[PDB]
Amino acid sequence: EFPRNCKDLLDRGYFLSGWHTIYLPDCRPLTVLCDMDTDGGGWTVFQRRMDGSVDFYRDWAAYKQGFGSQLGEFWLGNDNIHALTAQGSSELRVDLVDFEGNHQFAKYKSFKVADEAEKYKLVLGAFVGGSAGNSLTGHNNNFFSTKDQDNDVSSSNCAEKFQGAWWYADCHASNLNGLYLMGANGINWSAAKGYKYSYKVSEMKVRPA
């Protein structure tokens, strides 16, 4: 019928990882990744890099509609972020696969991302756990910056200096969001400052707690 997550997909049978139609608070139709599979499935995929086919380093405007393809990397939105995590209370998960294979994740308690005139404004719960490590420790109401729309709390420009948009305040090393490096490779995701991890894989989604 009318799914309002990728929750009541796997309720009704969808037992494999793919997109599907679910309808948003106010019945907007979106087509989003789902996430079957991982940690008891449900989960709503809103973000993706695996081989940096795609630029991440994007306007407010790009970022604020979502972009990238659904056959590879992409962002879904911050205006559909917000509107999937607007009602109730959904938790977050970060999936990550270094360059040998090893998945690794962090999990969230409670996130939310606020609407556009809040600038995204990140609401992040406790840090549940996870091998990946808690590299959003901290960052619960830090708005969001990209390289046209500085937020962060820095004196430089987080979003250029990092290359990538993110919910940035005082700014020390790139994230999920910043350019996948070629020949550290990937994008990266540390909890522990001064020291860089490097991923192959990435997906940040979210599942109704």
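Heads up, when I say rigid core I mean the largest set of C-alphas that superpose within 1.5 Å between the two forms. Positions refer to the first chain, counted from 1. What changes on going to the form deposited in another entry:
- Following superposition on the rigid core between these two forms, the residue from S174, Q47, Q149, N142 with a C-alpha displacement of 2 angstroms or more is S174, and no other.
- Comparing the forms between these two forms, the C-alpha position of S198 differs by 2 angstroms or more, with the core used for superposition.
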Given for the second form:
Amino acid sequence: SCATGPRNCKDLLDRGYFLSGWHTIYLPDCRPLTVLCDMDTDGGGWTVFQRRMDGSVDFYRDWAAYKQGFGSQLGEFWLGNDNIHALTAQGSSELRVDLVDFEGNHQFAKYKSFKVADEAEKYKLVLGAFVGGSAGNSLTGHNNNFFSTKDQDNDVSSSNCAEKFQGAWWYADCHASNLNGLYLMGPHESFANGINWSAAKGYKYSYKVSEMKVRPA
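The form deposited in another entry, contrasted with the form deposited in one PDB entry above:
Since only the chain itself is given, any partners or molecules it might have are not part of what comes next.
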């Protein structure tokens, strides 16, 4: 129950769950949620809120879809903005982004803190210092931006970034990263509308794998 249950994947790691997989955690208001724990990468204890791997799931979705979450525990998913807010509300959480290209290269980026606000604040990103990683830094430029989807434009562009770049993100005008973009399978001719992390592979290369995950700082 909520009284003794784990709050996140680090609690689960501490209790001896050493394999990655789906486990029940209890959010701050006691709402139970099934989450994916990455117990392997970089010490383990990471709660995964976004996964792309094969293009099986459509990510070009509306506000309601991103709010509640969508996809599959067996594959690709977005955990949901209400869930991500709740998970990052208590304490301080570090963010790790893991990427794999189509050539087999693994790259990563790490940030010292990560929070998303509530729906009233349009799931605004509150991002701490870049730590490092082979992927470089394509998220700091998104700090303090609201989340936007195709049907709800909260970006700082005269354009509709989510529609123009075919994703959903804390778009500014418009992006350095676009991990909820189209699954375009490596090099693409269209500009900046793929699973792009521009500090590493630029605006015309879409990654094979994306994983976004959090753990107590």
